[PDB]
Amino acid sequence: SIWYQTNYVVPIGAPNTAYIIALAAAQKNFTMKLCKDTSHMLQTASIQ
Amino acid sequence: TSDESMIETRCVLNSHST
Amino acid sequence: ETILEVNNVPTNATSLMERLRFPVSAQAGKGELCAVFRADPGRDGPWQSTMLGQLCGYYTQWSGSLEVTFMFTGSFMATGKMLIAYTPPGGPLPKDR
Amino acid sequence: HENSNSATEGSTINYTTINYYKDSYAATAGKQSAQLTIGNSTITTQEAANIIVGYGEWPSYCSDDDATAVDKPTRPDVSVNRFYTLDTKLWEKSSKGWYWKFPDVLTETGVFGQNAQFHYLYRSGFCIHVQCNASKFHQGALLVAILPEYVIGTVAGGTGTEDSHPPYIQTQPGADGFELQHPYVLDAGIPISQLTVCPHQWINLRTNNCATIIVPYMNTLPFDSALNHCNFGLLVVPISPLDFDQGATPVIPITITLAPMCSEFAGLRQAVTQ
Amino acid sequence: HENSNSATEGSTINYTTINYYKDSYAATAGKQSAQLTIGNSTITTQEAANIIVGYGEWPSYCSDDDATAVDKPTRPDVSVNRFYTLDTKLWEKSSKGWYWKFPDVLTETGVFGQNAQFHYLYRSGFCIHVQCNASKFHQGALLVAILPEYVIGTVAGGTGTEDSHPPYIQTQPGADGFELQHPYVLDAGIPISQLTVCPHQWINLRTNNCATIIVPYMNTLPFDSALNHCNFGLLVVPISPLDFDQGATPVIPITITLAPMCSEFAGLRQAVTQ
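As you go down the protein sequences, you meet chains A, B, C, D and E in turn.
Residue numbers for the first sequence follow the UniProt record's numbering, beginning at 518 and rising by one.
Residue numbers for the second sequence follow the UniProt record's numbering, beginning at 623 and rising by one.
Residue numbers for the third sequence follow the UniProt record's numbering, beginning at 373 and rising by one.
If you count by the UniProt record's numbering, then the fourth sequence holds residues 13 to 45, 83 to 323, one letter each, in order.
If you count by the UniProt record's numbering, then the fifth sequence holds residues 13 to 45, 83 to 323, one letter each, in order.
The shape of chain A in the complex, shown without the other chains:
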């Protein structure tokens, strides 16, 4: 969860709304196992 620790403090002339791009990855201690089919992308239309 992301919380405003102080506030987004902006002066005059700079935009009152900004954006955070979150870049997620894994560390070097990361592993995977039990190689399986993916559910994060299901084909629906048949590939012509």
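Calculated from the structure, these hints are not laboratory results.
A portion of the hints provided could be inaccurate.
Claimed, not checked - Listed next, the in silico BS3-like pairs over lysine-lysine satisfying Cα-Cα at most 25 Å (straight line): (1) E:142 - C:402; (2) C:402 - C:467; (3) D:185 - D:145; (4) E:185 - E:145; (5) E:142 - E:185; (6) C:402 - E:121; (7) D:142 - D:185; (8) E:145 - C:402; (9) D:121 - E:145; (10) A:545 - D:121; (11) A:553 - D:34; (12) A:550 - D:142.
Unchecked claim - Quick partial rundown of chain E residues pointing at chain D, CB under 8 Å, derived from the structure: (13) 85; (14) 89; (15) 121; (16) 123; (17) 125; (18) 126; (19) 127; (20) 128; (21) 164; (22) 167; (23) 317.
What the hints assert, rightly or not - Restraint-style ranges between C-beta atoms, simulated for each label pair: (24) A:554 - D:86: 27 to 37 Å; (25) D:205 - E:118: 48 to 58 Å; (26) E:277 - D:188: 45 to 55 Å; (27) D:200 - C:444: 43 to 53 Å; (28) E:22 - C:402: 48 to 58 Å.
Ideal placement from N, C-alpha and C gives every residue a C-beta, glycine not left out.
Starting from the known structure of chain A, fit chains B, C, D and E onto it as the hints suggest.
For chains B, C, D and E alone, kept in the frame of chain A given last:
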């Protein structure tokens, strides 16, 4: 980046295969 | 590090690029909630946009620490502090900062 | 030529197997080849005839080869590793038996209860002092036993057709504990006659008034949730019924005194009760 | 011929005194001859220009020469020694100043709050991160300062005749803190102009947005009650007032982030809040 750059870390003797 | 779609609200096709970034704005100075996501890479949600999460689709079990890099994309003159809290699995959604 | 990836790779036992694949799991099965003090607390174990160490294993801390969680676990070491006395159960002539789930008895008590609530991960063994004072003219025996992963079953509606599951007051009864509705099958369909393969001690009232079972942390996991997962169930059951003549003390309490041993808590977050 | 019993016997300073009695106290006065991480928490101290170590002393644990309590103190070491973020105070143009009493801010928060409640004795130093983000077009200075044994005085009825004493919400305001009604005398009759003899750091908004004062445990005693005794008061006061033009961010929060450092708790009993 590291994890004891981040939190207090214990020694995990990690034998997790790649 | 691939872009984590924490802002996975706009399903609109004209607004799909709004999923890659999320709005820190000027607040009332409390511990206001900016953004929330589960830290599960293989779960249906914000992590499916990642290469980690899509490769987590191809594996059943994962172990190891995850990094989420938060990149502030405001002005150089924009300043402020964020509390980015990873909650261990027992804790619910925290009501406060 | 072969991945060392059978289920017995980390074991200390040599296996002569036959394999034809690069996975060791593909191979054949083959063949092989007295004052106890912790914390600020003290009990007495003069009349127990020994202290039962569960499976011959002292409750050590988590081995660094054996742990997975990379966060540094807290070990409060005195404030949580100490004898915790629960409310007494009155052994009666019609006492069927009681059980206590662990560490569910102690998730609401002491700094151990706060460390269980504030941390996702928990690991401790247990020194369990079950004491039952009775005179030399009282009689009866208790099987004080530690059944690990004591999954409660229901009566299944009695007939067996209803797929009932025991409620949260029954699966995790807290420090009060829950009686055995059917102590013969231990409310789990498994006989109490075979309960002594688990770490057990007899409170035979003529012989000993107290049972001290010292339980290690038993799990498939190095740590677990203290709130969801109960690592074991302590069972205090009158195998031989309590008997005395009228005039002797009818109120025979069983006091449950618990020392978490080498408590280890990881994954600090907000206090969560369940 | 003489008891070694003056007040400077344990000190490292040699005294040439005159005495005529067997007590050394009877003698003359004489003459002589950037990511900070603790627990599961991380702050940022890139813009602070240094970290103030209170009186040049790191918050060590209690020395065995220095302790008196014979019970083994618990040192949770990660679960209580970690950055604790309080609720923000909004720096305004009319902000007089606030104070926070220690460890009264943290006796209701985290495992530190439970260890403070469950133990009679408490000893910790503190890493105090006071942060205040403001733009390059905002201005103002905060004296972030650590006043040890910050005894609050009253207005004494204003005139001075009433012998008022500050209420419990004022002497121990918790994690919210209390404003300074009179920051010039620090609500204690002592000038804030001389507050920098105490461990202090300036949040000059053009220079630094955060102040990191690292406070040792300061007491006449090796341990004390975390509930009754507040070892110090953190004072965050706008010496130079907050100023900006209309259009810049009016909401300028001061977030108070606290790490108890080397926390030590002795005298375990029931959880007592006060």
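Hint by hint, here is what the structure shows:
1. E:142 - C:402: The given pair, whose Cα atoms are some 18 Å apart, holds under the 25 Å limit.
2. C:402 - C:467: Given that 25 Å is the threshold and the Cα spacing comes to 12 Å, the pair holds.
3. D:185 - D:145: holds (22 Å)
4. E:185 - E:145: holds (22 Å)
5. E:142 - E:185: The given pair, whose Cα atoms are some 17 Å apart, holds under the 25 Å limit.
6. C:402 - E:121: Measuring from Cα to Cα gives roughly 40 Å; hence the hint is violated.
7. D:142 - D:185: holds (17 Å)
8. E:145 - C:402: The hint holds at about 19 Å.
9. D:121 - E:145: violated (41 Å)
10. A:545 - D:121: Roughly 18 Å separates the two Cα atoms, so the pair holds.
11. A:553 - D:34: holds (19 Å)
12. A:550 - D:142: violated (56 Å)
13. 85: violated (16 Å)
14. 89: holds (6 Å)
15. 121: holds (5 Å)
16. 123: holds (4 Å)
17. 125: This interface hint holds because 5 Å falls under the 8 Å limit.
18. 126: holds (6 Å)
19. 127: Check passed: Cβ of residue 127 of chain E comes within 5 Å of chain D, closer than 8 Å.
20. 128: holds (4 Å)
21. 164: holds (6 Å)
22. 167: Since chain D brings a Cβ to about 5 Å from residue 167 of chain E, closer than 8 Å, the hint holds.
23. 317: It holds, given that the least Cβ distance between residue 317 of chain E and chain D is near 5 Å, below 8 Å.
24. A:554 - D:86: 27 to 37 Å: This hint is violated: roughly 57 Å between Cβ atoms.
25. D:205 - E:118: 48 to 58 Å: holds (56 Å)
26. E:277 - D:188: 45 to 55 Å: Holds, since residue 277 of chain E and residue 188 of chain D (Cβ atoms, about 53 Å apart) stay within the stated range.
27. D:200 - C:444: 43 to 53 Å: Roughly 50 Å apart at Cβ, these two residues keep to the hinted range, so it holds.
28. E:22 - C:402: 48 to 58 Å: Since residue 22 of chain E and residue 402 of chain C have Cβ atoms about 49 Å apart, the given range 48 to 58 Å holds.
The structure fails to meet hints 6, 9, 12, 13, 24 from the earlier list, while all remaining hints are met.
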